[PDB]
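S.K.: Each chain is listed here by its residues.
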Amino acid sequence: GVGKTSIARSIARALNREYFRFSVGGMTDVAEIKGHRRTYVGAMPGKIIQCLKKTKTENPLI
Amino acid sequence: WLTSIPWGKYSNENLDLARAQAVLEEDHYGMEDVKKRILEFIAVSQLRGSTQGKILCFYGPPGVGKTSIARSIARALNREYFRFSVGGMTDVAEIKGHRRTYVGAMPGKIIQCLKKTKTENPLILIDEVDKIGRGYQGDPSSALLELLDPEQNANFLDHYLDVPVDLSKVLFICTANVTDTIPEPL
Amino acid sequence: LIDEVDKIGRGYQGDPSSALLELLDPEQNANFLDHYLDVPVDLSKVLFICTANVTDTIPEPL
Amino acid sequence: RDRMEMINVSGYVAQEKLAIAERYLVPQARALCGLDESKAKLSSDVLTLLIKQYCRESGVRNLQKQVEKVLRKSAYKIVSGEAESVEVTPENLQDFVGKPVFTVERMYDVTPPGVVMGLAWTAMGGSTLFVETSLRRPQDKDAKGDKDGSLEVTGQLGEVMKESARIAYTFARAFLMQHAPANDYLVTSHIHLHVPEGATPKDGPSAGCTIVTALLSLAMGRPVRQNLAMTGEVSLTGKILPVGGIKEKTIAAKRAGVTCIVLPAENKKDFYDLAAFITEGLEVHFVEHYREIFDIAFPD
Amino acid sequence: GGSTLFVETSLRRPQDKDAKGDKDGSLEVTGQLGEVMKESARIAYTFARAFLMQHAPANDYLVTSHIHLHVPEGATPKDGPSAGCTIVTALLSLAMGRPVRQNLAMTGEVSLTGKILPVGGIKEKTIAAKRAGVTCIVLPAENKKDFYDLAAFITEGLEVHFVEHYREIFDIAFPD
Ligand SMILES: Nc1ncnc2c1ncn2[C@@H]1O[C@H](COP(=O)(O)OP(=O)(O)O)[C@@H](O)[C@H]1O
Ligand SMILES: Nc1ncnc2c1ncn2[C@@H]1O[C@H](COP(=O)(O)OP(=O)(O)O)[C@@H](O)[C@H]1O
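Chains A, B, C, D and E are the protein sequences, given in the same order. The first sequence begins at 526 in PDB author numbering and counts up one residue at a time. The second sequence begins at 464 in PDB author numbering and counts up one residue at a time. The third sequence begins at 588 in PDB author numbering and counts up one residue at a time. The fourth sequence begins at 650 in PDB author numbering and counts up one residue at a time. The fifth sequence begins at 774 in PDB author numbering and counts up one residue at a time.
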């Protein structure tokens with residue numbers, strides 16, 4: 526609660542680039558960042574892929 | 464599924480303080496703090512103009528009527544009612560649905576609640592949140608935070624229906640006899 | 588009639604206790620449905636009996 | 650860790666939080682609730698009292714929730730109550746938010762013998778832990794037996810903390826031998842002490858100075874000087890080594906009301922690196938060796 | 774919700790195995806104690822010996838005596854430390870053999886020195902206490918406001934006792 530996220534968003538706006546936050550805290554399954562192998566039923570890509578798809582840009586703020 | 468979703472359709476919320484207070488008083492005894500808080504929400508919403516929805520929890524022992532008071536609030540407010548059990552759950556799909564690809568894949572239960580209520584301002588109850596197990600394949604706590612986040616929830620989507628939905632008016636209600644096992648971010 | 592309620596396994600990809608609870612829920616039972624059949628059914632008038640040599644091992648939500 | 654440069658976000662002074670809220674938060678919440686300054690009014694004193702009693706942390710979120718709740722209550726009182734416009738005073742704050750939440754919170758305002766205040770750079774800001782020492786067995790174990798005064802410790806001790814406690818114990822024994830050889834209290838006595846949690850393991854050794862101070866105070870029974878704080882690390886010789894998170898510890902000390910404090914001379918610039926308004930109302934004491942602290946803690 | 778639990782202390786070894794014996798009265802504990810509970814009980818016994826020595830040096834009962842203690846389980850871990858005052862009181866009563874004042878209950882955390890920290894869940898604790906038919910209740914001074922937050926129709930018959938240090942607790946429990 527000291528605005529680290531707030532300052533990150535402010536920097537995103539100042540640079541004109543998009544803002545996104547990733548919650549790596551308490552995360553161990555690297556698959557979440559590396560997705561799946563695409564074979565498992567309903568496999569998903571790494572969360573970076575989802576972030577890029579959402580932002581629609583290749584130079585957002587991470 | 465998509466068409467059945469109530470798009471921009473909201474129940475006519477009851478905005479009269481006196482009748483709501485009388486209804487709550489004749490529905491349950493005590494809970495003066497809860498009555499004060501809900502009526503304060505009513506007053507701000509009336510002042511706020513457009514209807515809105517925030518999230519809160521009724522934490523206390525069982526047999527207290529938390530579900531009963533939730534029903535009383537839902538009926539008094541004129542908004543629809545729905546409840547959800549999450550205790551010991553391990554499949555995030557029930558929140559985020561399936562991929563829609565497998566034949567008969569169902570969407571998240573929130574989509575089903577929207578379909579049933581026919582409004583974008585219903586009342587949703589989540590119970591025994593503290594009892595979640597978040598075991599293998601689960602970790603719905605992340606999904607719970609996504610669904611609850613006041614800013615992100617406006618663009619919440621399920622795996623089945625990839626398109627997002629706004630949840631700035633829904634009223635989520637959580638219940639748990641203890642405030643410790645529940646995750647800190649939540 | 589449900590026989591040997593106390594003997595449930597509740598294992599990987601099992602957990603019928605949830606199915607039991609939803610089936611017997613006094614309000615959800617009125618609109619119960621399954622995977623093969625996607626239609627709710629009322630059960631308020633159906634009568635349920637259960638058997639178990641012990642009660643302690645019976646899951647509390649049940 | 651080494652792949653980036655780590656920048657610290659210390660926190661906010663009570664005045665700093667006051668200014669931020671009255672410039673950033675209060676307007677934001679008022680806009681969110683749709684209120685106006687005319688109808689919705691807040692004074693500096695009410696928010697200061699809120700900060701001092703209703704809330705206490707390095708963070709600000711709790712203040713955000715408090716202000717939101719009081720603003721919503723005022724919106725209720727206007728929509729429903731008889732007050733077209735709300736004026737907020739510490740008198741009305743009791744009805745608006747309720748009774749004071751946090752008192753001074755300082756466990757001891759007198760610091761009896763064997764318990765000493767100490768600043769710790771916890772993960773969520775700073776903390777003022779009251780390191781406490783105690784005699785687990787009467788010193789008269791035997792009028793002739795000189796059995797070693799085996800020590801006890803609690804507080805989920807990690808290995809490095811255990812070594813810090815042991816080295817501090819040995820150094821305190823040596824210091825007492827040199828200063829007061831006639832005293833065997835720390836020599837022949839089964840002592841226990843506790844270390845409250847919160848301090849990050851890297852910052853945990855900073856409590857060695859507090860440990861030695863508490864041990865000496867218990868040994869000779871004179872309570873440490875009131876409203877006095879200390880923290881540091883010893884290298885078995887009384888030499889005082891530098892530490893990190895000094896600004897957060899100073900912020901906590903200020904919040905704690907302690908007016909006298911001792912820092913390593915190495916971190917002296919860092920303390921001087923802080924804003925003047927931060928260091929108001931406190932008299933620092935830069936040291937390098939433990940001996941000085943003794944007189945500082947025990948001028949008499 | 775709330776509950777009332779009878780913390781019990783029993784002597785599991787003769788007090789005087791050997792008068793000249795100087796071995797400590799090693800403690801034993803039950804109640805499915807998490808570690809933090811173990812340090813809490815450790816602190817409680819430390820302060821118990823300290824208070825006894827301060828107030829009854831002639832008594833070596835608590836010193837050279839191996840005693841066991843059971844605290845009934847069920848309490849949430851966050852509230853488990855709140856039994857420190859109760860543990861100290863039970864140990865003292867066993868030491869001097871003076872039964873505690875009847876219909877008298879307490880709950881709190883001790884800082885190893887007798888100074889009491891506040892505890893949460895006061896309201897349900899008081900509800901159970903009344904349902905336990907207990908008249909005099911001892912609480913921290915700090916929690917006092919929370920007690921006053923309660924409505925009058927609950928508090929009837931409660932001879933509350935608000936403290937910050939154990940000496941007051943000792944005197945209230947041991948009017949003599
Ligand atoms: N200097 C500041 N000015 C305005 N708001 C602040 C400031 N510092 C903290 N905040 C508040 O903190 C919140 C965001 O903090 P955040 O970035 O989450 O910090 P952290 O990452 O440490 O939790 C915002 O709601 C904001 O109002
Ligand atoms: N003050 C009250 N007024 C009316 N009914 C109550 C009250 N307190 C408890 N109840 C009853 O107790 C029942 C318990 O409901 P339940 O779903 O178990 O809520 P909770 O999970 O809070 O115990 C409810 O049906 C309700 O009618």
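A few of these clues could be false.
Okay, the calculated beta carbon distance ranges per label pair [what the hints assert, rightly or not]:
(1) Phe926/E to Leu806/D: 35 to 41 Å
(2) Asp643/C to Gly807/E: 36 to 42 Å
(3) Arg874/E to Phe751/D: 31 to 37 Å
Listed below are the simulated DSS-like cross-link pairs for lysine-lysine, each with C-alpha atoms no more than 30 Å apart in a straight line [to be verified]:
(4) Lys572/A to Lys499/B
(5) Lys718/D to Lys790/E
(6) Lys594/B to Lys632/B
Not the full set, but computed from the structure, chain D residues with beta-carbon under 10 Å of chain B [to be verified]:
(7) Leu667
(8) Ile669
(9) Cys682
(10) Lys718
(11) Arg721
(12) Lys722
(13) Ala724
(14) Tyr725
(15) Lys726
(16) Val728
(17) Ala732
(18) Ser734
(19) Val746
(20) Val750
Because the hints were derived from the structure by calculation, they are not lab data. Quick reminder that beta carbons are idealized off the backbone N, C-alpha and C, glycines included.
S.K.: Does each hint hold? Answer for all of them.
M.R.: So, going through the hints one by one against the coordinates:
As the Cβ distance of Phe926/E to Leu806/D is approximately 49 Å, the hint placing it in 35 to 41 Å is violated. Between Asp643/C and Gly807/E the beta carbon distance is about 24 Å. The supplied range of 36 to 42 Å is therefore violated. In this structure the supplied range 31 to 37 Å holds for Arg874/E paired with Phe751/D, their Cβ-Cβ distance being about 33 Å. Among the hinted pairs, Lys572/A with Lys499/B is inconsistent with the structure: their alpha-carbon atoms are about 42 Å apart, more than 30 Å.
With a CA separation close to 64 Å, the supplied pair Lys718/D and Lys790/E exceeds the 30 Å bound. The hinted pair formed by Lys594/B and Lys632/B meets the criterion: a straight-line CA distance of about 26 Å does not exceed 30 Å. Nearest Cβ of chain B to the Cβ of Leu667/D: about 25 Å, over the 10 Å cut. The hint is violated. The criterion of a C-beta within 10 Å of any C-beta in chain B is not met by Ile669/D, whose closest approach is roughly 20 Å, and the hint is violated.
Against a cut-off of 10 Å between C-beta atoms, the interface hint on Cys682/D holds, since the closest Cβ of chain B lies about 6 Å away. With a cut of 10 Å, the hint placing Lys718/D at the interface with chain B holds, because the nearest CB-to-CB distance is about 9 Å. With a least beta-carbon distance of about 5 Å to chain B, the hint placing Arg721/D at the interface is held under the 10 Å criterion. Nearest Cβ of chain B to the Cβ of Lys722/D: about 6 Å, under the 10 Å cut. The hint holds.
Using the Cβ-Cβ criterion of 10 Å, the hint placing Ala724/D at the interface with chain B is satisfied: the shortest such distance is roughly 5 Å. With a least beta-carbon distance of about 4 Å to chain B, the hint placing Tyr725/D at the interface is held under the 10 Å criterion. Interface hint status for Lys726/D: upheld, as the beta-carbon distance to the closest one in chain B is roughly 9 Å, under 10 Å. Residue-level restraint check for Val728/D holds (minimum Cβ-Cβ distance to chain B is 4 Å; threshold 10 Å).
Residue-level restraint check for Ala732/D is violated (minimum Cβ-Cβ distance to chain B is 13 Å; threshold 10 Å). Hint on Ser734/D is violated. Least Cβ distance to chain B is approximately 13 Å, over the 10 Å limit. The criterion of a C-beta within 10 Å of any C-beta in chain B is not met by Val746/D, whose closest approach is roughly 13 Å, and the hint is violated. Against a cut-off of 10 Å between C-beta atoms, the interface hint on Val750/D is violated, since the closest Cβ of chain B lies about 16 Å away.
Hint compliance for this structure: hints 1, 2, 4, 5, 7, 8, 17, 18, 19, 20 are broken, all remaining hints hold.
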